[PDB]
Amino acid sequence: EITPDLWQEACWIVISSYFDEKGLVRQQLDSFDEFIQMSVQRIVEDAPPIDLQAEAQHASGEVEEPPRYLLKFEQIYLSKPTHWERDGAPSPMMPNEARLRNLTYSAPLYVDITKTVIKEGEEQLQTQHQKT
Amino acid sequence: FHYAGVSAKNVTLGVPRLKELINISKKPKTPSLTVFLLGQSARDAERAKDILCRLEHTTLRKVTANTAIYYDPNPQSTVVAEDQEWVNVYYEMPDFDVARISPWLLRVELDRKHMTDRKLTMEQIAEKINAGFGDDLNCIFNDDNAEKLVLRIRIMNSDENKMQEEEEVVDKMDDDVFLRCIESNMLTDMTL
Amino acid sequence: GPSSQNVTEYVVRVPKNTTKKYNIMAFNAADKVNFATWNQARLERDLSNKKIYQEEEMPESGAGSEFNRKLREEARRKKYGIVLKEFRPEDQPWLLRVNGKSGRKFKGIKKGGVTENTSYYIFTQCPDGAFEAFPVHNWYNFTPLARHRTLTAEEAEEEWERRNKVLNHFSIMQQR
Amino acid sequence: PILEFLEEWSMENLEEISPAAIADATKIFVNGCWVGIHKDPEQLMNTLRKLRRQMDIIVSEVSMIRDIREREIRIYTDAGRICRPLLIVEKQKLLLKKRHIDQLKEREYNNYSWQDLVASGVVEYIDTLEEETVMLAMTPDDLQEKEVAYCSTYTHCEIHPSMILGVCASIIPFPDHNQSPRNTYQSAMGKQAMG
Amino acid sequence: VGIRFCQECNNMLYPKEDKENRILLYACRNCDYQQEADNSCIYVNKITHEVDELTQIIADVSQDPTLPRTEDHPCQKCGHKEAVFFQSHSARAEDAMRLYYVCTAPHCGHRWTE
Amino acid sequence: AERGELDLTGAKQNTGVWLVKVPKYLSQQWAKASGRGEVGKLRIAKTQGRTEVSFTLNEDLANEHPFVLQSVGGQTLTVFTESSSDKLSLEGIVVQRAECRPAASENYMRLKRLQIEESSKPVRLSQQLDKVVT
Amino acid sequence: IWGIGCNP
Amino acid sequence: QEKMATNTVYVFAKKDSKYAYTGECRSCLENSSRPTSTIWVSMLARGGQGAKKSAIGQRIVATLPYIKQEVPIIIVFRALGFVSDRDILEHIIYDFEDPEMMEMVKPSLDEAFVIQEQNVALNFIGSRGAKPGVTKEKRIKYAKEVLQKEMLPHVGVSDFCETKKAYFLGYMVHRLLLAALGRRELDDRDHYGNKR
Amino acid sequence: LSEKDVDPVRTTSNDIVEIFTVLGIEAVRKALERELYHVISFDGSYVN
Ligand SMILES: [Zn+2]
Ligand SMILES: [Zn+2]
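Chains as they are written, first to last, in PDB author numbering: chain U, 16 to 147; chain Z, 1107 to 1298; chain E, 5 to 180; chain C, 540 to 734; chain X, 12 to 125; chain B, 2 to 64, 80 to 150; chain G, 1 to 8; chain P, 197 to 392; chain H, 1347 to 1394.
Among the clues, some could well be false.
[Said to hold, decoys possible] Straight-line C-alpha distance at most 30 Å; calculated BS3-like pairs for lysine-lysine:
1) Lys-37/U to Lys-199/P
2) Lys-332/P to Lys-54/E
3) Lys-103/B to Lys-89/E
4) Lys-82/E to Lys-55/E
5) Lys-25/E to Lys-25/B
Please keep in mind that the hints were generated in silico from the structure rather than gathered at the bench.
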């Protein structure tokens, strides 16, 4: 099944297959896809949770009385590119409209955030804010 | 890059040389000196070779095959088997033995190819080393008939005695470390 | 004899829980560790937090701030950094002192690389004749410390200033 | 995944390694971190290359390099490594055969593409570091075929030598018959043409 | 030549001379252990550094696809015809283009220079 | 006799123990029940000048594991236990090391891929949203 | 592009 | 944008620099976070001449990140906790049989023979650190933090990873020694394998 | 120049600063002219 002296056809058939599957600008598109799909979520998850507490508020017995607020970001979501008009009504933004009207081609970025309140009342409440 | 092999020397030419001359740089990139021979030395290649040897810097490191630092408590013991014969000959009528003998030994082997290429002599090297370090170094040199050229060096016998009643406990570098420093200085700056 | 063709097969037992946890104690071969001279030994958690973590906040903590000044002092120290960490012994290295102070001292450090895809078990002979396997809770590599005179830090700094020690170093060690 | 597989395939970890044993064994670096040593390097190298060509655990972009003189195996999963696809040569025969080009020729209504060629093991992506360990043939038929012996151990083959040129230099006709500065100048002039 | 580490402290032993017995002793500075030296050589420096590269060559290099191979030079040890041949591949090798042959075939591992 | 004293009786008796590296599937199979007191049988067959070690998986557990030995002369290993009563003890000295390897070659890679997918489940990725959140 | 003595 | 490869050891020779051979490694924490921190291991040239300097000849130094002054390498190994000279050389020299590499390591061992305490070495690193140090305790803890995080992050950043860092540091030294002996060729900056 | 069997008259160095320290300012005038002429005429070009 060897291909002797038919190689000029075969090499260009395989080259054509390469260029059909992978375009000339595949590197930029693939790198940006990696960014959005993985790196943004990983950057959100790598960030340490926010820990906050009051500075001995009320000057009472203060046995850990100041509440502790803990925030953890999770599950980043991206919408399709959208343009909001002067009326405030969202609408999809086509690239040519961005070119003509000098708009920026951007997409909204949403994160789920979980907020836990620890007031040393023997109860902790973990409210969740979806798609902030 | 596009000079010729006729020059047979590194030569700076073109814009860099123009910059060197224009700025009168203290250090040229390729300092060179053209020596014209006076008389018969120009006519005969061998005499020109003699002048070359006179004009080219030569150190002990260039002519030294290898250096080894040994500890030999007794010179007569001759820890190295090879040096037995000439050490025995030298110590049949020993010189400077009355002061003392330093136990640490520096043994230097000189490549015959380099020695004959520069036309150096073992006695000449011994004299130069003796003059450079005065009496602090005692040198033993083989005859040229010996297949391996060996130079044996020991610390000063007077220094080994210290010639001092107090003797000072400073004990700077003891003798081995001092011998290593001597070896490095000899190799770098002998200027034979 | 039977030794040239002996076949031994034993039951394997893995108890769900053991009162004593199982660890690994590894000594370097070059150390030449010998247990014949190990008449007594002392293994305990380190106190190096004395030098770098705790009781280092002894004097400034008990200086005597009070009232509004006490509230401000506590809050200011806490917000200045991120609350200094105190003793949490279970997450600290181990110190071994064989035969008291006279004998050699070793330091064991938990193997940092976790075995997320590996487990280690130990087989021990028992009268019932069945092997027993116990999981390795932790791995420790112990390295000895010589029972020799140790240079003082201040003296060490003074000596290092004279980095060019032309004089013999051995005499310097003898002087100390 | 590569680290897990390496642990499976008899790679002693640095922590468990006796310091004396390192001298006689190859060091395995993954993404520049010295993971461990392996007593038998060649078997591991062949297994890694088989896995990559089957695309099982090692992705295609991952590059394995073995420096035989320095006793080091380096595996890079890092981003930003530049790679070019090359045909694979086993024995002295190209792995690409007429059946593959027949399936590619009817690329429509056969759903056979470059990804199928990569998965089949006919082609492979090789970065420069791995290029240092690869014997390449410019043209398959000429170099692979037996002649006066120059190399009998070709491991890869170039798909076509004209693919070394870029986008602007590819429009030059008969580039090999021009002086090199002229090709460089045309590459710049072609960007300024009108169309 | 070789460096010896003391058993008691696992540190380097430095040469020392006992004046009383005129005996060379390798003694650590940190600990008092002293050992008589059999070699009696403290420091050896080879300025020519004419060290054979046959020892440094690894037998594993025979597996390299990129190395040239000759069947003209047979192996001395086993008679295998193939033998990869390569140059010094070494910095500070001065000026040598000698070919350091390595016999192919498994486990022979024979390195010879002609 | 003190709290920090190490019971070196195991060292005095020179009790010999074997250390083995075993895979996660085997350990997890053992941990599934972990209380039945039985997980398998270790069979060692010795010949004139060669010894082989193998482990058989229990039939209930499954619903061959050859062992490869490793030299222990390069490093000395001992096993010590920290009792819940704060009485440290030494069990014995390691005299042999072994590794457990899977029998299946290719189909085992399928189980490895399943394990990789299970380990990749906690990994979270950016999610595409069709409609902008209001 | 010619030789070592010429031009590149 | 082209950049030099991270998490790799490259040995170069710089004529102008006092170091005859310098080996550098730029380390990043798996690209997850933090700027890339470069640690250089350099060998001082034998050109410098003195009664002790000529005797020691080439002496290895290390330019740890966030420490202003060059630190002798044996001191760094002792700071990591490997006090014994034999163990340090075990990490640096993989085969003790070769005499030339041990000869190369000997001068740096002599330079650091004053410090034989891990705590003292940490205090020395802190004291020569660029950031000011008020007390010995603070200096020791600060230098320990620098070694844990700032230096060779890719090998490890936490989880008692001193042995891995020691082995990689010893690999850097081993490669520098091999370059100095001439057994390995100095790396080339232009190679596109290095240019991510 | 001091070494025996070396011609003191014709021996010349390419470094102009050495010529200045050894032979003087007029000798440097001539030597600098010679060196510049060499750099100019190596290609064959001629400057008056
Ligand atoms: Zn000692
Ligand atoms: Zn052979």
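Structure-based check of each hint:
1. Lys-37/U to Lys-199/P: Holds, at roughly 25 Å.
2. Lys-332/P to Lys-54/E: 12 Å, holds
3. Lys-103/B to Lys-89/E: 28 Å, holds
4. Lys-82/E to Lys-55/E: 20 Å, holds
5. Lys-25/E to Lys-25/B: Holds, at about 20 Å.
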